[PDB]
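Asker: In case you want the letters, here they are:
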Amino acid sequence: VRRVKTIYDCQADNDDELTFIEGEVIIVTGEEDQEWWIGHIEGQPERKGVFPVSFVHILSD
Amino acid sequence: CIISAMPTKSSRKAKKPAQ
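First to last, the sequence lines map onto chains A and B. Heads up: the first sequence begins at -15 in the numbering used here, then just goes up one per residue. Heads up: the second sequence begins at 2 in the numbering used here, then just goes up one per residue.
Be careful, since some hints might not be right.
With a cut-off of at most 35 Å between alpha-carbon atoms, the simulated DSBU-like pairs for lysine-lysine come out as follows [claimed, not checked]:
#1 A:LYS32 to A:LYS(-11)
#2 A:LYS(-11) to B:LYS14
#3 A:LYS32 to B:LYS14
Reference listing, derived: stretches of chain A covered by chain B, where coverage requires no fewer than 3 residues with Cβ under 8 Å from a Cβ of chain B [what the hints assert, rightly or not]:
#4 -13 to -6
#5 -2 to 5
#6 9 to 22
#7 28 to 39
Read the hints as simulated data drawn from the structure, not as lab findings. Positions of the beta carbon are idealized from the N, C-alpha and C atoms, including for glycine.
Please build the complete structure, drawing on both the sequences and the hints.
Answerer: Structural data, given as structure tokens:
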């Protein structure tokens, strides 16, 4: 439903967070914080976790 | 294509640093 494209390269501190580098596409499946959402990489469903919206771009535009 | 300059990890307020 909700899609985001990683516009930056961010790394997870814990197992909870999702490490993503610029160019990745994440399907947002949930939300934790305003600036921290939950999802998994489109072509990589094994990569799931919570990622900062600060480093990604909402693809509802 | 990197957008702007790198932002700051705002620290996930939802999660607490389990010590």
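Asker: Next, verify each hint and record whether it holds.
Answerer: A quick look at each hint next to the structure:
Restraint check for A:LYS32 and A:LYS(-11): satisfied, since their Cα atoms lie roughly 14 Å apart, inside the 35 Å limit. Taking the CA atoms of A:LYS(-11) and B:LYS14, the gap is about 22 Å. The hint holds against a cut of 35 Å. Taken as a hint, the A:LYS32 and B:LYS14 pair is honoured in the structure, with Cα atoms around 19 Å apart against an allowance of 35 Å. Requiring three or more residues with a Cβ within less than 8 Å of a Cβ of chain B, the coverage given for the segment -13 to -6 of chain A holds, as 4 such residues are present.
Closer than 8 Å: that is the beta-carbon criterion, and the segment -2 to 5 of chain A has 3 residues meeting it against chain B, so the requirement of 3 holds. Under a criterion of three residues with beta carbons nearer than 8 Å to beta carbons of chain B, the stated coverage of the segment 9 to 22 of chain A is upheld, 4 such residues being counted. Counting residues of the segment 28 to 39 of chain A whose beta carbon lies closer than 8 Å to any beta carbon of chain B gives 4, which meets the minimum of three for the stated coverage.
Against the hints set out earlier in the document, no violation occurs for any number.
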